[PDB]
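All protein chains but one are shown at their positions in the complex.
Chains: A, B, C, D and E, in written order; residue numbering restarts at 1 for each.
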Amino acid sequence: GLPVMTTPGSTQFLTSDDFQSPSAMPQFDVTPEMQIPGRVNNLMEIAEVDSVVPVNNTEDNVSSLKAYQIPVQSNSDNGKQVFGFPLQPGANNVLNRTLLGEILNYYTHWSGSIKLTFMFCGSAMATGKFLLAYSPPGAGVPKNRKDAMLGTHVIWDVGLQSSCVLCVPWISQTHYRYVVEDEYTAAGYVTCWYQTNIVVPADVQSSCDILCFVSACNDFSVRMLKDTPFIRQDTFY
Amino acid sequence: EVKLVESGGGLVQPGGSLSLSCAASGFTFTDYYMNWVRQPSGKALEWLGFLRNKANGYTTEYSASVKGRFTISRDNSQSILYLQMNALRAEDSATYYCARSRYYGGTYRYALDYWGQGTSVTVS
Amino acid sequence: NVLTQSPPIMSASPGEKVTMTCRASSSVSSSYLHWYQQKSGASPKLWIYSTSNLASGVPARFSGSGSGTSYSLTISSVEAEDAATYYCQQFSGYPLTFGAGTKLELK
Amino acid sequence: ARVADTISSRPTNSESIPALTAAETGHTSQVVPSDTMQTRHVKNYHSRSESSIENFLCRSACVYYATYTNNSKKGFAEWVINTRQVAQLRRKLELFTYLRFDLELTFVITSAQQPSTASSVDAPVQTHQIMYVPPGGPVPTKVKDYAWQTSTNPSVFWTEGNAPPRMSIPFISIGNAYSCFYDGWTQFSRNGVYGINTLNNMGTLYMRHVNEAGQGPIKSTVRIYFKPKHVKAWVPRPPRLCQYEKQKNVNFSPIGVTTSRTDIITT
Amino acid sequence: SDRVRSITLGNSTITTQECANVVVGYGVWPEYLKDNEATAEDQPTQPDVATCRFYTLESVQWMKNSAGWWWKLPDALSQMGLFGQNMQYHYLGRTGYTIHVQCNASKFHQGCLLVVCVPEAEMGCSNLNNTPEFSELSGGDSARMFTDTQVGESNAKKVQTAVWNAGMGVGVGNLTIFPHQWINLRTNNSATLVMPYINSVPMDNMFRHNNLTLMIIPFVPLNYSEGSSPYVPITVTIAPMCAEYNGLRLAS
Partner (left out) sequence: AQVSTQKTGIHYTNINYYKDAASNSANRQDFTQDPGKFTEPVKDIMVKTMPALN
């Protein structure tokens, strides 16, 4: 005969609650656990591995393996542009479908720095230097080597060590950024330029290619889980 | 230069069999996709099927209306292409071409660049 | 999937601006659309591939464009050699289909 | 669980190269942004609480819904239990290969009056029965037969107007984990059935009205909601790109990798 | 130096003068079955020298525009020596593998491979309602090839082998989450992987269930100037590790 009083919120079904509930199978004996290798304890163990970025879409290579290769030739002038894309890892179509971008499209806010690994998959005698810039927003996209060298950059030489890591730092006014497209919290642009040319000996193929990976550093974090827009359904299966 | 000639056509009774041959010269035969396209008298074109190169395993890909009755194959020794016809009907009377294809970027678009002179096959 | 070309028979005086269309039923990619040319009683020939790229041996007057389900081929000036039939080809799934055909008449 | 704070740095000129590595070894670099530039000593207070496994999966989501008519023959619904008939839960579970969880099954039962013909239709409150049949037991085949007497099968009753019913089910499997993928046949002669559907046997679920045929037909609809608890996960997996087509397998149609832009330099 | 390994197993030895490090599984070395996870009721058979050796599969040719290969590991060795004889006479069995893919070229060629080892790779059929047969999924010690064009739906039972979806529906670029190495012909010549036993049951049958799949995908295609040797092969060498069997019966 204890007097109670039901508050508002009674007899509702909230889809994200945490309550106890009576079991349907009393005194069930479950199957004992086993040490299966490779246990995921957190979703941010996944988004710290590399994934090849399709930087070369151009409407003809998207249905091929050509989309991952960036073309590099031997020019006749200097200061040309290799590629360039804005750094929105949840809305831009370049970083949209990698393993990093496919976890950010489940969340809403994100924060942290992003690595960018390149690998010169060319010949064994070809040599050259590249500039890998990064420009925070406020201006436009840089147009020359003289404008892009002002931001954050790193000059990469190809040798025995093939790979190189440009680490885009976290420069922002807010503590987080939106995954979806926004003018207010834009993150900047990533460009890459010829420092010198690509010299080759005789009887070597001229055009060498470049792969480009992406991952997150050890201070990446997400927030505000939502549903994903990359799936569609009309009836049952 | 690219040169494709073909022969083997003629009048064949309904229900019969027929073997067409397309000969290729001037290019390496094991690196290019080879198609078979037919065309009726003054009507639109119709694609029948192609045959892949050595880098993909020489598989064939027929159309929907000609599977089970037609067969594309090539010979291993020299540059010569085959087309085995079985169970002919009245509406199989057309002009038969033999087209080549190639990679334009690093990818494979589905165009047919170099064409054969056209052999005639009629039934009655 | 089916292509519809329109109009089928077109006349052309020398010097005029001329265009023909090729409308698909379902959406195709822009990299899998091609344009062919067949004269009177001869083998066909590749003219435009991947809807904007000129092939080998074609003059620079021909220029195609379009995206999605509507495409077009535009010639700057009509001559006496380019009076023939033009087909368009698509590929979204097997099989590869061709259009009805657009017959170009000199005037 | 906080994240790592950025220590300060100074300008260097030495033989140590943190940037130049080799990624052929299948080893991603552990480079911190305090190695390639000059940074300040900042303290991070952010946390990775929402990116854990249990906060990622323990959310309710619909899996199936079926209708059944009161005043009819063959008016009662059934459903074999499997999580491959929706597109937003199936994509989330296919991020991992092996899983192990409990459930909190929750039903939301609605109702709608059908176009009857008689006048002065007054209905009392309806009662619904959801019966769970373990794999192998006898199945009922008519709305009124005596197999609905649930001599051992667990089943809940529910009247309309109250809170939705809810029950919890422990980890009911033979092996040590729910295998989300199974590359192999089911018979030793390697014929016929291929793929995941040889492991799917978790029982069915029968629904029916309890009241009789009074004066006007009523067509109900029950939706079922899953909720995994105490989740463990093993062997992560790349996410699905192309659309699903079937329930029993992974058949698909080929599609491009991403959508396309106009050039390699256009931002 | 960090460029020479020497793997010895049983009565075979693999040496390399130019190779990368050794990627070992998900951080665990292959070991025997303990008594906490055992479920069989009887003594297991551990041959441990007649099986744990380096078997060499069939060579494949890297052409100028190739697509890829895959092997479906645990029955690629079905006809290989005494490993293929204990697989027939026994009912159960667990193994761990040591994959070693090798491919050498001069200093004037160029190219790049990706050597992954995926567990539980379900493949998709060409027709939507059907499922691929046994002969089209795995060959006896011979590679099945990918295709740079897509397979038509009109085929009844054939594996969909478009390379940019890798046959499983996922993006091909996201395959690096599995254990993997790159054979870059600029710096590398071989790739090594050590895979533990990854399954949900502590012992499984070997003839109905293929729990591993080794894929080789050429990202940057092989290119050379005219004059160099055009025939570059690829050879795979598998070696089981800590194999034991159970449940003796007749031959099948």
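The definition used in the following text is that a contact is a pair of C-beta atoms (placed from the backbone, for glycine too) under 8 Å apart; a residue touches a chain by one contact, two chains touch by 3 or more.
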item	value
Of D:27, D:91 or D:246, the residue in touch with the unshown chain	D:27
Touch list for subunit A against the chain that is not drawn	18-23, 26-28, 38, 41-42, 44-46, 48-49, 160-161, 218
In subunit D, positions touching the absent partner	1, 16-18, 20-22, 25-31, 35, 48-49, 52, 54-55, 58, 102, 168-171, 229-230, 236
Absent-chain interface as seen on subunit E, which is shown	1-3, 20-28, 177, 179, 187, 194
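By definition in this document, only the chains that are shown with their structure count from here on.
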item	value
B-E or A-B, whichever has more C-beta pairs in contact	B-E
Between subunit D and subunit E, centroid-to-centroid distance (C-alpha), Å	32
Separation of subunit B from subunit C, taking each centre as the mean of its C-alpha atoms, in whole Å	23
Mean-CA-position distance for subunit E and subunit C (Å)	48
Junction residues of subunit A - those touching two or more other chains	34, 36-38, 46, 49-50, 54, 59-60, 63-64, 67, 69, 97, 99, 102, 119, 162, 213
Subunit E: positions in contact with at least two other chains	26, 148, 152-154, 164, 171-174, 177, 182, 184, 187, 198, 200, 202
Inter-chain touch pairs (all)	A-B, A-C, A-D, A-E, B-C, B-E, C-E, D-E
Residue ranges of subunit A in contact with subunit D within the complex	10-13, 15-16, 18, 21-25, 28, 30-34, 36-46, 48-50, 54-59, 62-63, 67, 70, 81-86, 93-94, 96-97, 99, 102, 106-107, 111-113, 115, 117, 119, 141, 152, 154, 156, 161-170, 175, 189, 213, 215, 217-225, 227-228, 231-233, 236-237
In the complex with subunit B, residue positions of subunit E that touch it	63-67, 145, 147-149, 151-152, 154, 221
Partner subunit C, residues of subunit A touching it in the complex	59-60, 63
